[PDB]
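Listed below are the residues making up each chain.
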Amino acid sequence: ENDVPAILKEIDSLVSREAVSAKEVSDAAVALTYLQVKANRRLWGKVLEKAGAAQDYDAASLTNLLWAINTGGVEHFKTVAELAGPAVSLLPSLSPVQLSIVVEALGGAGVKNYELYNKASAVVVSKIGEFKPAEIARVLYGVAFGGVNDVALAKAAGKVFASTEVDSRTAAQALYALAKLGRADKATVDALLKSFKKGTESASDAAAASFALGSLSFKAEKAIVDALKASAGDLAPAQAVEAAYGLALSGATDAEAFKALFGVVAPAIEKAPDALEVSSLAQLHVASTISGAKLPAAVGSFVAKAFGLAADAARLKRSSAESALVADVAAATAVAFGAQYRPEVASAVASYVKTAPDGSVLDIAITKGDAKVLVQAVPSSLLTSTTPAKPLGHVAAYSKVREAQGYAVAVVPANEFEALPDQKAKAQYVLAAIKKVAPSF
Amino acid sequence: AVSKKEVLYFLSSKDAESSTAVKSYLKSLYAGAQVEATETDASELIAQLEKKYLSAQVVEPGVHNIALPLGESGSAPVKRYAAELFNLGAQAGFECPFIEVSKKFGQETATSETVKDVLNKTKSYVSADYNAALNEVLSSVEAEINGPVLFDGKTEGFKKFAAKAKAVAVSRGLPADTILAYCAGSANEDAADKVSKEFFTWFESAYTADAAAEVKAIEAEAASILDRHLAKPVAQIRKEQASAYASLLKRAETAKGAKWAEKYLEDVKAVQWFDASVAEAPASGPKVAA
Amino acid sequence: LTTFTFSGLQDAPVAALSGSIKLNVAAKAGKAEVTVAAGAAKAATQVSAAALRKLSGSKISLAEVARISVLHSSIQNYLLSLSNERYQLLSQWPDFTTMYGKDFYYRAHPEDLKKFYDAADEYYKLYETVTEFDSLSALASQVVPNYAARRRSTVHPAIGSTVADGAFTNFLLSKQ
Amino acid sequence: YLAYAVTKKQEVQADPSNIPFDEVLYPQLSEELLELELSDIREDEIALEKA
Amino acid sequence: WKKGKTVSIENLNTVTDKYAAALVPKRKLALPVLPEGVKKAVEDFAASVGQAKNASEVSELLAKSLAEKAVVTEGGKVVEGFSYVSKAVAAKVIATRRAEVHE
Amino acid sequence: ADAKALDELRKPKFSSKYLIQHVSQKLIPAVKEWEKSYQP
Amino acid sequence: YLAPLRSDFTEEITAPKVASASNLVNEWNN
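Note that the protein sequences, when read in sequence, are chains A, B, C, D, E, F and G. Under this note's numbering, the first residue of the first sequence carries the number 250, and numbering increases by one thereafter. Under this note's numbering, the first residue of the second sequence carries the number 5, and numbering increases by one thereafter. Under this note's numbering, the first residue of the third sequence carries the number 5, and numbering increases by one thereafter. Under this note's numbering, the first residue of the fourth sequence carries the number 4, and numbering increases by one thereafter. Under this note's numbering, the first residue of the fifth sequence carries the number 3, and numbering increases by one thereafter. Under this note's numbering, the first residue of the sixth sequence carries the number 261, and numbering increases by one thereafter. Under this note's numbering, the first residue of the seventh sequence carries the number 1018, and numbering increases by one thereafter.
So here's chain A without its partners, still in its complex pose:
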């Protein structure tokens, strides 16, 4: 009468034949998300095997497949990035309702296809009244996580989000896109914050606007953080970290959220500590420090050690225009402390490379007695991509974690530091940044 393990076996026989067309591998994939078949991984793999083997593709069967890959939580980069072949060829034949699901699924997997996004943005900005505001939050999500810094769509999206009313999930997809691009223009972010007044249908849109408001560093909206006080059981433990990290970056004092959000992660780390990556474990050490909501002693000691690991991986794999900047800021902080010759400048910058107490390496770590001042340089990758060009929310994360370790972090951005004409003027901007943070230096 109603049998789920019987219909999985007959979908398993459907995608196991030899001449499976596109329309049934679309419909086997759609049927696997509606039945929530995360536990059977090979049956999902048999579908994605025959999905890349299909040569015919129309506009309806492609978007049913890309919807099912996207909401199914299924990632395989080889199959999904090879689906941009049918997506580019069928792009005039696609409706604006369906063209959003194509760019959201290919963008959300990180498919590096520039002529797809250069063509799928030129459709949206040319006929923008044809697109519902929920259908423009997906193309904005698609070009953002596909690696395109398209501001021609991001400016034209702000005209729609300030005129037409959007949903709770629509704005949070549009905020999560803007946090990836790093734009933070207050004429659009507050137009997306007037949508969190109806209460959220999901927990994921409350958690994603948390990460997006924190990494753009605006503040909490007080309905987004109150949505996390009761629905913090609908989130994965990697999804609950980026919620609390984005709350601690946005200056949240609501400890009833941090009590609930850490109730997801701290059992999961004690379940399997290897489950979350170190890029996500370091975001939990930020969240348990700034709002101060304490973790278990087995977890918080382990997560603090995972901030030392994730900071050196950002230092070992440094962008080498940051290394050309950090070695320039370390030189200009040697001129400010007094060194007019080249052998006495360079003899000082080798002494500033003290080790942080969690095992990390700080590039400019200066001590006068017991008062420690860290100088942190943030080149362009951590700056907002607009014309004010203020640093993103993650530099406050790196400040307040070292500040709880005993340092007075003097942050110097490279849109300001490298605008100076000479080296002693670079030294006075560094010394003005140290006196603003630590007045005894």
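These aren't lab readings, by the way, just hints derived from the structure by calculation.
Okay, derived cross-link-like pairs now, DSSO-like style, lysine-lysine, Cα gap no bigger than 30 Å in a straight line:
1. B:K236 x E:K7
2. C:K179 x B:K158
3. A:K443 x A:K381
4. B:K55 x F:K286
5. C:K179 x B:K107
6. A:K447 x C:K32
7. F:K264 x B:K31
8. A:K639 x A:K603
9. B:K107 x F:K296
10. E:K5 x A:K258
11. A:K603 x A:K617
12. B:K55 x B:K125
13. F:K264 x B:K8
14. A:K381 x A:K435
15. D:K11 x E:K42
16. B:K254 x B:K236
Dock chains B, C, D, E, F and G against chain A, hints included.
Chains B, C, D, E, F and G only, in chain A's frame:
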């Protein structure tokens, strides 16, 4: 085990045997182990040599996990193959190929004051058909000024060459007016966005034209390997490949105690497991525990 | 996939496009009564709009179980696909066994029959070596080490000439 | 596949009607293989008819 | 065999039936095997007249009398009016001619 | 015996990764002591 | 099926040296 610097490269990496030793290292720190200090020494010659041989331990399993798009129709299997090599280089610590090869030019020609010298130190990294097309344009400008063209740029004799070498670049097919305006930028972000979208149109057409030439050479290598192999009798083939298999096992079994040869022969056992798990149930494939 | 996904039960597929499996949903405001029907099985569940959002919380992360490598399997698949293009022209060889009779033996010149029995001895050599498919795995490992050493470049794995030419004009036609 | 081929080759090789007889397939040939050996005898008989 | 596909055993067997269809000769003697459905019609009838210890030899004379008058079939159809000279018949034509030129 | 895993079945087998590692474990500690004992 | 292990880097950037077409299709058609 890992020596605390290999494990920092394998955090962002996604290959299996590097994600197995990170998850073994992350399980140790949960069981009360102290993370060691990251070494605050090893000067810039040693440090860029450690980066060379640690990126090579992230690249080398990642290349073997990327399926070549051999004999496929369209550009999207070639763009999948280039995008998989980009994300592999980003995981191995490289920057964009545009940023990483322009760093290679500025490193090779830090001291070259004449433009004949930058054509002779960056000869390994630029095309020999394009190194020659800029050496002919060099001698056409070397004849006019009757002097070595210096590598300064604000000299008007430089842009006697630089406006002529720009005509070569559009003749080769690449828009140099678009490439130069991307790395310099503009004031407003609206007119910087339309020169960005015309640069990445070239850039995506540059690596896909470079990945496909790397694919069309593997297609042509395997086709000339096969047609040399289809001309033999079978008894020649079976004893030529059993000899090369035996010469390569005795290469791995004389060296013992090495980590590479112990892991080589552990993979010989893992191929034999794959052939044994298919013979149990060939309709389902190898037995994967889940 | 990213950390947060924003699709499910809104602009969703409402019906199947195939005949081998039939799909019907009941798009309500709160939940959805979906009926999935494939052949001799029928299953009808009810999924809410907030239950499809917990679906993409934990990721599937499909990966290929290969015999040697995913790279090596892609070269062997090409050698198998090239060995078919030669097998298809051994498929169009004329039937020489219809001329093995003694009424073709004795009408023929004795050297034009030696050449015929050697043309038949050659087909069994060409056919036995195009169907030696167990030798393609050791042929694909002759392409791998020269390819993998090219991707072990000191610049980048994905560097080529067209990128390095266009980045040389940005190096040369700028100042210094 | 080899199990079908060993019982299809035996299905024609156990049948005794499929035994190839050169006298039945090639009738003009088997009367010429006779007059190779009978013509060699007739040359030995003309040598004795002359003697 | 198709380009990405797999060859089926019902097509590998159809090919093998074309190899064994070349093992039948184009013109063959229909040497008739006596089936056991009619062979036990003889020996049980020869057990009815009490001569069952020579019932085995009455069957072989039924088989041989069908065998010495065998007909030649080309394509299933018999070619009547066809005479063939055996290699045991032609070897006595050689042997009596060798013996009378030796005499 | 059978049914090994998934996370160790995803390993590319005959990549180098350990002949590369054998060099860097015999080049890096052998070149650390080259430049600390280096006189023209 | 196994290959020799190499530990060497590619310092140059060259075109990947396309090999020329074999005559096996024209020989087998001869």
